[PDB]
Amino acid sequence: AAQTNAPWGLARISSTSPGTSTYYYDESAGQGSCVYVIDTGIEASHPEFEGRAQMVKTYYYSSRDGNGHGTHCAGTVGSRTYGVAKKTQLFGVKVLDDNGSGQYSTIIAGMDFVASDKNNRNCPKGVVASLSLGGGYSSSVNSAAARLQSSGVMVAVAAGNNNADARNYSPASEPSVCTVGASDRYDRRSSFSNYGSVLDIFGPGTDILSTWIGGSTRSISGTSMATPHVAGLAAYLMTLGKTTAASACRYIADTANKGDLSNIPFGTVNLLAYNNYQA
């Protein structure tokens, strides 16, 4: 399948070169997979989700996304126009309030919620979780992410936006999950992206168009935007049977575009997520 005039990041993940605008992908499109978006919620009524999104849990007075961040991330995972895996099922877990903040205890509870809740969902091709959030180092937060991964969920987490080594942030610093840095449309490391040995992969993160609340769209930047590209890619590859939740991060790194990013610090991987789709 070819989507013309796609957002640059979708085109980038199906290309050996920057500077193109068509996204190419296998029509299976993540059908039969599920992606949890652990964030501020998802506006499931957005036409771009086509009925494939739903809120499954909130820790606040509403499950609605009163912020936009979670809706934007969910759109990059799986919206019809802005998403990597255009036929995946999207499940929202609202651990962040409408200002984008949340207590670590609530985030940990949300991760353990997903590890159990997947057993209440039909995801025969596999389960992914996208965590576009983070803070300072916490062994407890890292352990929660490691439990979620161990339970059979491909966990992708944002590296953070501090232009610093991600070893001092959680869940970015947890070794067993997939820690995602951000790049721009010219294959430069995004100016804010964290780096370091704990990164596994880069994805598009600067100027990413996706869904927003009120049935709208907008372009924003962050490692929060790169993370759902990798989450959606994992769902897409698991549906194709190319990898599993336990091995998908390693598979994405093994099949990535290598050595093509600029301003990558010595000791950080130079690997850009790539679907290796041959139309």
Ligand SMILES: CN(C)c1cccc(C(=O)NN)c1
Given for the second form:
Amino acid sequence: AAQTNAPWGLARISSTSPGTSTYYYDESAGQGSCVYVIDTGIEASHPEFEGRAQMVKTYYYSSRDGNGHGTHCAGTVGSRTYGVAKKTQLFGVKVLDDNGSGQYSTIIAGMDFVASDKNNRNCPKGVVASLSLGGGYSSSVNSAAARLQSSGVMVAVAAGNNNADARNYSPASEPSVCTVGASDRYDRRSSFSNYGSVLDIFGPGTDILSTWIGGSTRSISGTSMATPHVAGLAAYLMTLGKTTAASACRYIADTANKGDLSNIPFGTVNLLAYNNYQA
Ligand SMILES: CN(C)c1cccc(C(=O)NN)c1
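Form solved without 3-(dimethylamino)benzohydrazide (47S) already given; the form deposited with 3-(dimethylamino)benzohydrazide (47S) bound follows:
Entire complex below, previous chain first.
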């Protein structure tokens, strides 16, 4: 399948060169997989989700996304126009308030929730969790992400946006999950992207167009935007049977475009997520 005039990040993950405009992908499109977006919520009513999104848990007074961040990330995972895996099932877990903030205790509870709740959902091709969030180093937060991965969920987490070593941030620094840095449309490390040995992979993160609340769209930037590209890619590859939740991060690194990014500090992987789709 081909989406003409796609957002640059979708085109990038289906190309060995920057600057293309068509997103090429297998038509299975992540059908049969499920991605939990652990964030500010998801505006499931957005036409771009086509009924494939639903809120399953909130830690606040409402399940509504009153911010937009979670809706944007969910759109990059699986919206029709802006998503990597256009036929996946999206589940929203609201651990962040409408200002985009959340306590670590709540974020941990949300991860534990997904590890259990997935045992109650039909996800025949497997389960992914996308965590476009974090703060300073916490062994408890890292352990919660490790538990979620161990339970059989492909966990993708944002590296963080401090132009610093991700070893000092969580859940970014948890080795057993998939830590995602951000790149721009010219194949440069995004100006804000964290780096370091804990990173597994880079994805498109500067100027990413996706869904927003109020049935809208907008372009924003962050490792929060790169993370759902990788989560959606994992769901897509799992539906194709090429990998599993336990092995998807390594498979994505195995098959990435290698050595093509600039301003990668020595000791950080130079790997850009790539779907390797051949029609
Ligand atoms: C919104 N910010 C700064 C953000 C976004 C995504 C991740 C993080 C983090 O600290 N990860 N360990 C921070």
